[PDB]
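Engineer: One-letter residues, chain by chain:
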Amino acid sequence: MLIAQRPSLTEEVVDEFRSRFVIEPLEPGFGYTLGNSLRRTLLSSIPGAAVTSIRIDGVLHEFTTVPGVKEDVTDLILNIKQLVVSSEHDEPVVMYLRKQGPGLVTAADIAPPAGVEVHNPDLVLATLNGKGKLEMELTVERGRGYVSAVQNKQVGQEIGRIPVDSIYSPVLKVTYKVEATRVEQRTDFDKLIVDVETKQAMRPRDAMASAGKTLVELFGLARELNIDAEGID
Amino acid sequence: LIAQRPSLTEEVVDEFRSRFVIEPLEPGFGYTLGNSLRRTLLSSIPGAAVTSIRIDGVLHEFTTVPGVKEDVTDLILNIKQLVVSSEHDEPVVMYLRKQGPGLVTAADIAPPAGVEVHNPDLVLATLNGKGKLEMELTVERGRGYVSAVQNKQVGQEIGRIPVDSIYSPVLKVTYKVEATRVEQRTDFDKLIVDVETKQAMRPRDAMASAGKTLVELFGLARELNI
Amino acid sequence: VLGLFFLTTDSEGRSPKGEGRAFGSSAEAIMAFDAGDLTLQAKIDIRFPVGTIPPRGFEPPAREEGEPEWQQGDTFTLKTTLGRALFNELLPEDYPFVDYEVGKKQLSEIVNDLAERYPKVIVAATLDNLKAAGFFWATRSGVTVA
Amino acid sequence: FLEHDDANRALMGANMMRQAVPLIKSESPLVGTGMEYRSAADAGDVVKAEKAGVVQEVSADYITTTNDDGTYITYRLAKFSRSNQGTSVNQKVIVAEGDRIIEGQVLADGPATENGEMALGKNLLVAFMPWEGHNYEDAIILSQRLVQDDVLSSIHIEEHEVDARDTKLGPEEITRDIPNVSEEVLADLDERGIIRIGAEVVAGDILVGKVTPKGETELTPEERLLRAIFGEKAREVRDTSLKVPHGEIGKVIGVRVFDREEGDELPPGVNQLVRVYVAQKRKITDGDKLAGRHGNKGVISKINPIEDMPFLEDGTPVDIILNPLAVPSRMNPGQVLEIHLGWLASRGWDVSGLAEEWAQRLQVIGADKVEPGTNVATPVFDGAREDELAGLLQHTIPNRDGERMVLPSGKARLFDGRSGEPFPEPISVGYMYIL
Amino acid sequence: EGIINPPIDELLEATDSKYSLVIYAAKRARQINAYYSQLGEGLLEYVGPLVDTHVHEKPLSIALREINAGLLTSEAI
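Those protein sequences? They're chains B, A, D, C and E, same order as listed.
At position 197 of the first sequence the residue is numbered 197 (the entry's author numbering), and the sequence of numbers has no breaks.
Each position in the second sequence, counted from 1, maps to that position plus 1 in the entry's author numbering.
Each position in the third sequence, counted from 1, maps to that position plus 581 in the entry's author numbering.
Each position in the fourth sequence, counted from 1, maps to that position plus 581 in the entry's author numbering.
Each position in the fifth sequence, counted from 1, maps to that position plus 8 in the entry's author numbering.
Hint data in this document are derived by calculation from the structure and do not stem from the laboratory.
One should not assume that every hint holds.
[As the list claims (entries may be wrong)] Listed next, the in silico DSBU-like pairs over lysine-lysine satisfying Cα-Cα at most 35 Å (straight line):
1. A:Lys81 <-> C:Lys862
2. D:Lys598 <-> B:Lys70
3. B:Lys213 <-> A:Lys191
4. A:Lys173 <-> C:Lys878
5. C:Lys862 <-> C:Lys673
6. C:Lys832 <-> A:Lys131
7. A:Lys131 <-> B:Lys191
8. A:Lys191 <-> B:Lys153
9. B:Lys177 <-> D:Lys701
10. D:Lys701 <-> E:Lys35
11. A:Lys173 <-> C:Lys629
12. C:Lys629 <-> D:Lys686
13. C:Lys832 <-> D:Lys686
14. B:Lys213 <-> A:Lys199
15. A:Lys81 <-> C:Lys629
16. A:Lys177 <-> B:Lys213
17. A:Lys199 <-> C:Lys629
18. C:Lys878 <-> B:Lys177
19. C:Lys862 <-> B:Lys191
20. B:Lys153 <-> D:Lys660
21. C:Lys703 <-> C:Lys629
22. C:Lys629 <-> A:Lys153
23. D:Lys660 <-> B:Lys177
24. B:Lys191 <-> C:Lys870
25. C:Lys606 <-> A:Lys81
26. C:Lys883 <-> A:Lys173
Throw the hints in and build the complete structure from the sequences for me.
Structural biologist: Now the structure itself:
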């Protein structure tokens, strides 16, 4: 009844943010269950914070141009959503960015409010020609998973404000592949290899620890039905 | 942003089928959760099933027992779908004896203390007035399906004949998802899993064992990190 | 090949929901596809990190700037479909981006060019990646007969 | 649906149907011609009554009948006797104890038969899709249920014999005292050197022990020294026993012996001849060839567990996955029609007062109210028109919860077994007769 | 850990031909194979594996590893 060989999660690091996780020989047919549940929970269930709206001075929602900046508004939207923010206010919070003169405006030069931290100051947001004139305020809100952009009537409240897509999940992707391994003359053992790509804010192994605890709680909710024993170790 | 933990509620639609709902799940979570639950529910559930038998005057499953219109192979087929529950971790022997004309049935089988047959209405064979059926059955406990090739361990006992056995007592599992009434863009989905199982066990403890296996696996995964 | 053709196809293959949006990275777009708002067959603007060689026809065009720029080897946005991004990231990072439907003839073309310009090991790895992706997206293609 | 198939594929299917092996349990086709009954009955394998009487004794070995005149006739049913090709010819029994018989009625099936109807295979729930490349280039994927439930399993009886001939040097002897052997090899042998009945064998196992009379033995120097060290006497008698050919397994079921000195007659020289029946229950496995009626054949490439199968909305896994790429190129769309009609036969239908053209045709034909599971007959060139199939699919009996699983188009929602998420679009499902 | 583990391009440009590479790697494989089977004579002319080797190995794999490393040289008579 007991599993012939107990699994054991192991780690293989190729970069400070990219990592690989292997499960040793596992019971036959259990690779896909664990692999796909882990992928989805890791991509979605973990919480985080990311921007939700942006406001640019002297610009309308239909007016896609911004004076004083060579770059356009859509690439600016892409760059801001790329930026990672760690927030804990649990309510919408605004962050300001005011800069003039020609040069480059980067995440380093952003001034964050109290209790909100920008993990990556290296990213360049805009390039200025002539007088910069750049004034911008962006809202940050903690969230879970991934939410597409929607209209909250903020454009009606203020014409400059526009929606933007958000990445609440600390992780960027998970690509799990399952292969067969031979144990004690038997080939009916599945090895699961999970490749987690995460942003610089969170270490991937902590993200999988959180995902595993979430899954453990969610499935141990099923223990309430009845106490039963299954062969293990 | 909003934090809501999953909650499970149970409902009975029949004596051996039930529906279980989980409303606050995240978007795109219901299908994966239900599929993992169904996969573990079908493949692995402790159960008992006949792993070998012995017929007097029969040395192999190919020959026939006089007095019964069904050859021995058809008797193996009928026994293979017999459903049992065995509390003894070790193998247990049952005896089936029937004389005279009539319908041999699971009810006729002799259940030892602690081993119970749960489908008495099933009919195994038919005997004539001249017929005589006398069978010993070995009941083991396990999970999944084990073929007769690996169930053979006694060679000198030419009388014994092994039978492949099916242990899992769950018939089929299907899941569905919907949309919750809460007003948000995420649109949390309500997973509902319908499970129907054989007479061996209630569905509730079946999914209890499934959840036990899953929580053990994911707890291993978590604990070995950090 | 059916799967690869499905992976890179134009619109009209389904109701192109979530079309006309720009995604910060291929990974975010995959997130959107998983969420179901985006569909695999839909034109969108996708960024590419540095080192991603651009399409052969993208070399003359580039971004607008008053300073010299070299988009042959740095970031660049592109109006394409997520399926084409997946098809190219099966191909090695040195290969120029392919923005046209593959079918069967063009697949033979790119395979021939790979066999000409790349070492055998990379060719075999690319063939295996193409095989795996083709089987996966042929399963997901949902071709049937009724 | 022969009319919908190409001539080449129809030819291939006709050639393929003459190779389907009988299985442990035979099942008649859900959808087929109406003519299998005539082919089965006119074939000699079925055992039909010659008198119109009442059965008095029904059993596995024999069945007895008593005509009203007074004559008593008992039919002896063959049981697990090797055919020409090496397959069992087991014959089941249908009639009960007290039922009436008419002349020519079928009392016992044969190999590949059920209730007097031809049954060359079982009918499997099939879904058309490529599936991870296992069903590539017409290879077949099927559930572990077929292995588990013995749906596709057949007995195969092999017959090999040896003859204790008389040679110039002396007579060969069939005995348990085989020379230059261990003690455990000749463990299951009988008193005279014959394997017992019911003794599982493997490659190299001794079936019947025979020894050569003698031979001119010139011991080599090394053999001489080794024998002297070990003090073993090499004897002129030399082992020539029969052993199971390499790569074999099976439970012995019968042994026959013919002795020269007995009243039995034999060819000149052979003093004794022994034949042993080794029978094995071959289950479907990877590599074994499988095929349907319409010239669609393929080798099994993988047997996924029951859970890996893409299941339907109610939770019923599909027993076999077949590549859609085959039907358009092979120009045999008849199999798709067969699959749809098999689905319609599995789940009954109710048409009454619909006032539709196809509804009228069914009502006058009489095939209007059909209960679930009953077979359907579509003659070869008078089959069910496509309008009939469509209209019936609109009116399939609700299998559960008052909902029909197959959409009007003939396709259904298939959830991936492994990853779990639904497939993007409906998939064509139904029941196909596979051999 | 595979037949493709030493890629063919480096060996090919080292030997400048493909059949020449086959025969030369085969000669080296025969040499290492007959070395491993010396079982005690210890002939001075024989030379063992120059690169590191596993406890169980094929002579041809080690020969091709030596060719890839480049420390081996050939010279037509």
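Engineer: Next step is simple, just say for each hint if it's right about the structure.
Structural biologist: Consistency of the hints with the structure:
Straight-line distance between C-alpha atoms of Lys81 of chain A and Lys862 of chain C comes to about 15 Å, which keeps the hinted pair within the 35 Å bound. Between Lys598 of chain D and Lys70 of chain B the alpha-carbon distance is near 32 Å, which keeps this suggested pair within the 35 Å criterion. For the suggested pair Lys213 of chain B and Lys191 of chain A, the alpha carbons sit about 21 Å apart, so the restraint of at most 35 Å is met. With a C-alpha separation of about 30 Å, the suggested pairing of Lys173 of chain A with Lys878 of chain C holds against the 35 Å cut-off.
For a cut-off of 35 Å, the pair hint linking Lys862 of chain C to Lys673 of chain C stands: about 17 Å separates their Cα positions. Restraint check for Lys832 of chain C and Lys131 of chain A: the C-alpha separation of about 29 Å stays at or below 35 Å, so the hint holds. For the hint pairing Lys131 of chain A with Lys191 of chain B, the CA-to-CA distance comes to about 58 Å; that exceeds 35 Å, so the pair is violated. Restraint check for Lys191 of chain A and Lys153 of chain B: the C-alpha separation of about 29 Å stays at or below 35 Å, so the hint holds.
Distance check on the hinted pair: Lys177 of chain B and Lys701 of chain D sit about 24 Å apart at the alpha-carbon level, within 35 Å; holds. About 25 Å separates the Cα atoms of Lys701 of chain D and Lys35 of chain E, which keeps this hinted pair within 35 Å; it holds. For the hint pairing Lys173 of chain A with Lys629 of chain C, the CA-to-CA distance comes to about 41 Å; that exceeds 35 Å, so the pair is violated. For the given pair, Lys629 of chain C sits about 62 Å from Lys686 of chain D by alpha-carbon distance, which is inconsistent with the 35 Å threshold.
Using a Cα cut-off of 35 Å, the hinted pair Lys832 of chain C and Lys686 of chain D is violated, with the two alpha carbons roughly 56 Å apart. A threshold of 35 Å between alpha carbons decides the hint, and for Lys213 of chain B with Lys199 of chain A the separation of about 33 Å falls inside it, so the pair holds. Distance hint between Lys81 of chain A and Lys629 of chain C is fulfilled; the C-alpha atoms sit about 31 Å from each other, no more than 35 Å. Between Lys177 of chain A and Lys213 of chain B the CA atoms are separated by roughly 25 Å; this keeps the pair inside 35 Å, and the hint holds.
For the hint pairing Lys199 of chain A with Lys629 of chain C, the CA-to-CA distance comes to about 39 Å; that exceeds 35 Å, so the pair is violated. Restraint check for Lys878 of chain C and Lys177 of chain B: satisfied, since their Cα atoms lie roughly 31 Å apart, inside the 35 Å limit. Under the criterion of a C-alpha separation no larger than 35 Å, the hint pairing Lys862 of chain C with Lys191 of chain B is consistent with the structure, at around 33 Å. Between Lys153 of chain B and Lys660 of chain D, the direct Cα distance comes to roughly 29 Å. Compliance with the 35 Å bound is thereby established for this hinted pair.
Using a Cα cut-off of 35 Å, the hinted pair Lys703 of chain C and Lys629 of chain C holds, with the two alpha carbons roughly 24 Å apart. Distance check on the hinted pair: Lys629 of chain C and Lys153 of chain A sit about 40 Å apart at the alpha-carbon level, beyond 35 Å; violated. Only pairs whose Cα atoms come within 35 Å are accepted, and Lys660 of chain D paired with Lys177 of chain B is accepted, the gap being roughly 30 Å. A distance of roughly 30 Å separates the Cα atoms of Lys191 of chain B and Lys870 of chain C; the hinted pair therefore holds under the 35 Å criterion.
For the hint linking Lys606 of chain C to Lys81 of chain A, the alpha-carbon distance of about 14 Å falls within 35 Å, and the restraint holds. Pair hint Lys883 of chain C plus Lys173 of chain A holds up; C-alpha atoms about 22 Å apart against a cutoff of 35 Å.
In terms of the numbered hints stated before, the structure departs from hints 7, 11, 12, 13, 17, 22, listed from lowest to highest.
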